[PDB]
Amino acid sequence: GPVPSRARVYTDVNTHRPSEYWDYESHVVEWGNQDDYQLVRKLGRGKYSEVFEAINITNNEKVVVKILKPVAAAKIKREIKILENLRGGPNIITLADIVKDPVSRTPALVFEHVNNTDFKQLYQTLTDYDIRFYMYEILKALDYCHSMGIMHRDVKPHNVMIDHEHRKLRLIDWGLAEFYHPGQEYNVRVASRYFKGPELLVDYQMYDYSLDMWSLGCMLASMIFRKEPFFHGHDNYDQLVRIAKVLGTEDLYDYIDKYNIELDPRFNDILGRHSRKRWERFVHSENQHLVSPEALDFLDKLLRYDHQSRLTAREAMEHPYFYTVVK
């Protein structure tokens, strides 16, 4: 069957921490006062929660309340444990409180509020310098969570909040985040379609932190090339074909051969034969202002089929693309 894999960094983090750190099922939730929060307006609803803007009446400060939908209790204790483990880390959203919602009878997670810049405005107006600056800020959050033995598994632009006036970034939505344990087989049904790594698309379960680096590369490619999304699959199968039209099929077959993966036979009639395209193929007069040889080299080192061959978050921070960013 498939050849096993393990991360090339932070392999041992969870074995050297006390069991209390990663055994989220055993964690006893400390409950706050639901009356401290007055809901103001609904911001959104997803598959797993309803999100509200609220006010903490003990300090008149704005907060965001995520009222979880009735779902596997294991998923909720996992998100809480990850948020508590990462609290105070660089650019990680702060979990302010946990209360029992009186209406839903389910947990409501209370987060610090971010006066976030509209997503469309960020996509349309961030400059070359701003993309480098904010990518460096995302890498601080990713190296922190990876160093803490956690993979986000849902890196995408709507999960990165920016308050552009204050040059403040936060990585949010840790509901798909998981503890990395070497040799563990994970569910491939994670991440959003356009940001799914090849490991998920070929059904390789022994993945690691490097899935987040693929997702980050998809975000960067969309931003620098002005193509939303960069890999625009009609479904999870066509998603791999879209990747193969850029990275080529030969490196894809070498990847599946290395890990002794059996490709779904559904791919035999749709994958075709493609050569790798040079990154300059995607440059045009409307994205030239965001492209540089350092941006392309950095992107090339994130967007690799072999998850073990991608830059780690800490190696990425060393890249020349960031030399211009004030530190």
Given for the second form:
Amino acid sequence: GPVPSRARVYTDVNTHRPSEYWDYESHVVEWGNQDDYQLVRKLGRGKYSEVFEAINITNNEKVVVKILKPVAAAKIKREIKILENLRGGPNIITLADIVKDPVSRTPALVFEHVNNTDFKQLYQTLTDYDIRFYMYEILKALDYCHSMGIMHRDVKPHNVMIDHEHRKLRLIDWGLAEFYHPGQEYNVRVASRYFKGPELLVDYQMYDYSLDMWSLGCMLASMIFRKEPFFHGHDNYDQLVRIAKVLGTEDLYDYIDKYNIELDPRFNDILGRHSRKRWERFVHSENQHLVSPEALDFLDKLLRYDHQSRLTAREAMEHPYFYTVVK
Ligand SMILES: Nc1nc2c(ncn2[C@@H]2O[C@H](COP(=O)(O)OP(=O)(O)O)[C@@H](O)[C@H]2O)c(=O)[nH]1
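Moving from the form deposited without ligand GDP, what structure would you give for the form solved in complex with ligand GDP?
Up next: the whole complex, starting with the chain shown before.
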């Protein structure tokens, strides 16, 4: 059987809290008035929700309305509890109201306005200074939710909203977010393909906050090397092969050895044998101005197979890469 694993930080935050904090099923939703919000335009549709630009007609302030699809409606209380627990946190989206949509008859989450601009729209355009600045702002959010005993589990460019003109950032879509309980086995079908950690890809269920640090590392690698996405798998199996072509197969076998994981035998015909690549392999004339010894050292410490060997959000914020950022 697999060897158990525990978070090296904020391990017991929820164990010490009263049940009310993490027992989301016991939470009683104070339903608002759906009439207060007039939908303006559909911003997008995912497999679990529909997002709209809206106006709170009473105060004329712009808001964002997220309407849950029937498939996601069942986990409404988890997302509400997390959003309320984190409200006021640095760079975390602010929940303004919870209403029952009259058409879908599913819950609708109302958020204070943030720019329609995803980080995906800008992150391949940033200077060396701005990559550092924005990565620090993201770290602020991650360290805060981790310190509050929450894992985001869907860190990706589409889940970061940016107001570049006003140097403002918000970490959004807390729909897959979960409370960390030590020893708990979680669902590996979380995060988007390109941002999935090796723990997910090898089916190791006893993961923690460090999952978010891998996802952040993928985002950094894509920004500094101008390669969208950095690990470009055709499916979840090929995703592990793409990572192994960079990090090597020897450290992957060491990782699975350490946690006594049994790799899906389909990997025997595609994984092959690969040496760890030096990061300078990914440097070229177009991205060299974004690459520094500090950036590469920082990336090296995020993109590790062993989820326990990855920098934590706080340790990441202490990194020399962030010394040039005004604090
Ligand atoms: N509240 C909410 N739930 C979501 C959202 N996206 C996904 N979900 C739900 O999250 C579930 C997956 O989370 P998970 O922890 O794996 O739950 P499990 O299937 O019960 O193990 C999906 O089945 C959806 O119901 C979202 O945006 N909001």
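Basically, rigid core = biggest C-alpha set you can superpose within 1.5 Å across the two forms. Positions refer to the first chain, counted from 1.
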Mobile residue between the two forms, C-alpha criterion 2 Å or more, rigid core, from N116, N85, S222, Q239
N116
How much does the C-alpha of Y48 move between the two forms, in Å, when the core is lined up?
1.0
